[PDB]
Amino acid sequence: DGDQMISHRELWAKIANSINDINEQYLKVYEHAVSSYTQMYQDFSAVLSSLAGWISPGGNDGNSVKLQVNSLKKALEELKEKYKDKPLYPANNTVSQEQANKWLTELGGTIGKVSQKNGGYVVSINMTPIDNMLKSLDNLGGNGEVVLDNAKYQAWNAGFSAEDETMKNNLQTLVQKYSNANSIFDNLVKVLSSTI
């Protein structure tokens, strides 16, 4: 109904109510999701740095690689256990199942995963790239340091860097979605100051 009148003063408060609702239920949700994933990937970036001390030349001739997988497996698993309790959304407590499912679609099923903490749910960080690394590590043969000829170190590192490339692509699109979310908020502010 277009005849419904509203004061300029009532309109200012309704705008400030909608803006605050958006920043609280959309902007700050997107920012913390980006926040949690960079810090997750930053800790994984610390394991790639420590990977240098876990790979040295080995073998009879010396062309091969001697990767201590137990040290690398230990670091990737501690990274998993660190972020079981650090979800993308929400930042505090839990929310309903459909609220966790609504923000799973908005963020992406690849980046996040809906989990129940008993009663309430969260959108936890999807650790599929890390878990894919661990089982490929688990299949390398032996339960310790493995001598990897350049042909089969070629195959493992190609898949290891791919799961690393996945988390970067995941972080890139999460950063881009937050960039557009801030731009939608910015435009939504200018469109409403247009009324006065």
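Positions refer to the first chain, counted from 1. The term rigid core refers to the most C-alpha atoms you can superpose between the two forms while keeping them within 1.5 Å. Residues that one form lacks are left out of the comparison. What changes on going to the form deposited in another entry:
- Superposition on the rigid core between these two forms places the CA atom of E10 2 Å or more away from its counterpart.
- 1 to 13 is the sole run of three or more consecutive shared residues whose C-alphas all shift by 2 Å or more between these two forms after the rigid core is superposed.
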The other form holds:
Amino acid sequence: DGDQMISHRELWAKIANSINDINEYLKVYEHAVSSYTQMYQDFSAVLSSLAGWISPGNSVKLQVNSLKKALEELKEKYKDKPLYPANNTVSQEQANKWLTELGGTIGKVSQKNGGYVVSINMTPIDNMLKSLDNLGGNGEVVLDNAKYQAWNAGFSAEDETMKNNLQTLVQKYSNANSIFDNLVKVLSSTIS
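I have the form deposited in one PDB entry already, so could you send the form deposited in another entry?
What comes next is one chain alone, with no partners or other molecules.
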């Protein structure tokens, strides 16, 4: 039973196969971080442009159509850029396994071509688009210093929501790298 023999040559093949299996596991994390960094980058640009989209109206006059147009273009930009698998698609239970691995809030499962993918969770974008529409009025809307301060607080709260979501995603990727590094060091130091 345990008398079956294998060569050193066959072991290195089994090691190299498992090495490639973990590398593609890391490249999923690598792409997931890269696409969420870009999404947060473009979002932070919308928040930096906010200063040029507000003006005095004691109160302030907010250009809603300019801000809503930028968020719509941002949501449309990452409609076809998912966190995983960046190409083709996988099954539904497979996408749910990666959603739970990456975090439920940072990702969102959706199907594209029969199968399913893990698209970027655009809930803070949707929440920012609905909060604007509830400031009833075509074009620009005037709000007192108190209401704008509360609306701007929720805007910065969603911005910090993405900032910490990205930081934990980077930490998981950094941890997986160190776990892979020492794992390869261990497997090589054994047959050395």
